[PDB]
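Student: Residue strings, one per chain:
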Amino acid sequence: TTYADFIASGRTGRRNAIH
Amino acid sequence: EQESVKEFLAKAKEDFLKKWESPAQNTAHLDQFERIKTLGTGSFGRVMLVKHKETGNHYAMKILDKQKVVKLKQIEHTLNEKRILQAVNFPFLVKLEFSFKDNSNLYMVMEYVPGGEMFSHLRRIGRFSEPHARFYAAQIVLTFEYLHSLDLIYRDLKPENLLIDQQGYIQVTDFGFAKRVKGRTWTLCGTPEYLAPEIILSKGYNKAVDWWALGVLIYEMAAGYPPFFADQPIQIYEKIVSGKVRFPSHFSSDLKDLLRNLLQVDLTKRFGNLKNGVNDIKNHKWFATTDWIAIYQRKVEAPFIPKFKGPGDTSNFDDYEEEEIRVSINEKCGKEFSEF
Ligand SMILES: N[C@H](CNc1ncc(-c2ccc3c(c2)CC(=O)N3)s1)Cc1ccc(C(F)(F)F)cc1
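First to last, the protein sequences are chains C and A. The first sequence begins at 5 in PDB author numbering and counts up one residue at a time. The second sequence begins at 11 in PDB author numbering and counts up one residue at a time.
Next comes chain C alone, as it looks inside the complex:
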């Protein structure tokens, strides 16, 4: 599922702004 995909994305934590 999309949800399962999200939790396995490596980007569920605090996201930094791009530099």
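Worth flagging that the hints you see were computed from the coordinates, not collected in a lab. Among the clues, some could well be false.
Computed beta-carbon distance windows for the label pairs [claimed, not checked]:
#1 C/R18 - A/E11: 32 to 40 Å
#2 A/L27 - C/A12: 46 to 54 Å
#3 A/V80 - C/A12: 36 to 44 Å
#4 C/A12 - A/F318: 29 to 37 Å
#5 A/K319 - C/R18: 21 to 29 Å
Computed footprint of chain C on chain A, listed as stretches where at least three residues anywhere in the stretch have a Cβ under 8 Å from a Cβ of chain C [stated by the list, open to error]:
#6 163-172
#7 193-201
#8 239-245
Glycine is no exception: its CB is placed at the ideal position from the N, C-alpha and C atoms.
Since the structure of chain C is already known, use the hints to place chain A with the ligand on it.
Tutor: Chain A with the ligand only, in chain C's frame:
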């Protein structure tokens, strides 16, 4: 309410420009505050919970190392964030209480919000109910109406930049990416998942990028995850420009219609960027039960009230390693931050 809103925004603009043209400076000194605990840290510096020694009031003090700001090529960004913060005034924008600098650092003493980061709450609960998400979304809408009237584009909307106060209302933070501009601009800035197509693409963009961001935010708050995600930013930009979006089955048809209008690639038809401006959004059926003035007046009962044990309690924050605040005997970057 029309007349009253236009009237309100009129006064707001004049008060803003007065402070904008004559910014406040050196309104405190470091030794007036007792350092308590670090509330958050990263490339962006460090925010510490501090206590005014005499009043006992607690604040969130953002500390920036001049040398580092320069290394990061963020001189203008930092001077600009502070200029804006001392000029604006809205219930959902965190206030800058004091600001000053010393030989090595820059300091922004802001309102302290014990409730914590919206990010933490969202991930903890999974997803907010549509009414819960709508409450927050309404606050952002009003906030953007206010900022845009001042020709200010936020450019970094995301759960991570929103805090939940004592009454459970939203408080926006971080203006290191904001910009005052009438017309278009081109800078690549913000957070990957929240970038509008026109920011990713080389062409210029405008305040409409904030409205797209609102769409992403509403989606994440209601879904528990963003509409466009992947392992790497490069892949995220791919999905964003494609703009193809899928909605969870639990999303109401009205929520889906608003989002189709906010996450609109054709920035010529995106809600918030049309002839009727913000009102297209304020009058959309999803926001049908929303009492805009009462939200503005903070009379609406928050669907979620963060737990609170005191004005100096940090239980709703994460733990960081403490680091001494060093101040050189020699002035660094004087000329560069003279305006701070
Ligand atoms: N992009 C952000 C970093 N950039 C900042 N610029 C000004 C900031 C700020 C402003 C006011 C207050 C606080 C932080 C705390 C408070 O209570 N009042 S954070 C992301 C971020 C958001 C919030 C926190 C936290 F520190 F964990 F909350 C850490 C990281």
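Student: Are the hints correct? Go through all of them and say.
Tutor: How the hints compare with the structure:
For C/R18 and A/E11, the Cβ-Cβ distance of about 37 Å falls inside the hinted range of 32 to 40 Å, so the restraint holds. Distance hint for A/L27 and C/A12: a CB-CB separation of about 49 Å, consistent with the stated range 46 to 54 Å. Between A/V80 and C/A12 the beta carbons are some 39 Å apart, a value that agrees with the proposed interval 36 to 44 Å. Distance hint for C/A12 and A/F318: a CB-CB separation of about 35 Å, consistent with the stated range 29 to 37 Å.
Hint check: A/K319 to C/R18, Cβ distance near 24 Å, so the stated range 21 to 29 Å holds. Counting residues of the stretch 163-172 of chain A whose C-beta sits closer than 8 Å to any C-beta of chain C gives 3, which meets the bar of three, so the coverage hint holds. Look at the stretch 193-201 of chain A against chain C: 4 of its residues bring a Cβ nearer than 8 Å to a Cβ of that chain, three or more, so the hint holds. Counting residues of the stretch 239-245 of chain A whose CB lies closer than 8 Å to any CB of chain C gives 4, so the stated coverage by that chain holds, three being the minimum.
The structure agrees with every numbered hint stated previously.
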